[PDB]
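We have chain F already, so just place chain A on it with the hints.
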Amino acid sequence: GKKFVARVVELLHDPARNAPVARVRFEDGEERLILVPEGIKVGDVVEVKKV
Amino acid sequence: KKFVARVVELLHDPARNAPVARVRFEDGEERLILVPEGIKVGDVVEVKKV
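As you go down the protein sequences, you meet chains F and A in turn. Mapped onto the authors' numbering, the consecutive letters of the first sequence carry residue numbers 5 to 55. Mapped onto the authors' numbering, the consecutive letters of the second sequence carry residue numbers 6 to 55.
Bound-form chain F, shown alone:
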């Protein structure tokens, strides 16, 4: 359907994992923390999608 997207607003570091966690912002103004891939920058948009 419509692409499920969120804007990356902050990039944090998870020390347990050596991996980035982005603070993201949904269309309704909700903000959550997600594991993201490498190469994500603040200001990008990420999609969650079935494979």
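These aren't lab readings, by the way, just hints derived from the structure by calculation. Ideal placement from N, C-alpha and C gives every residue a C-beta, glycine not left out. Not one of these hints is a red herring.
Label-pair ranges, simulated between beta-carbon atoms:
hint : chain 1 : residue 1 : chain 2 : residue 2 : range
1    : A       : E35       : F       : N22       : 16 to 24 Å
2    : A       : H17       : F       : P19       : 32 to 40 Å
3    : A       : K45       : F       : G47       : 31 to 39 Å
4    : F       : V55       : A       : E34       : 13 to 21 Å
5    : A       : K45       : F       : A20       : 24 to 32 Å
Relative to the frame of chain F, chain A by itself:
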């Protein structure tokens, strides 16, 4: 590459439009993320940049 995880649980909170899914990543780590409507338990989701 392809950053993926398998939906283990899925819950519709009447408080938001999108459902909350508990996903299992590569190493076994589990977290709660918002998924699109129509994700069912057992699906694999991908987090990618657009």
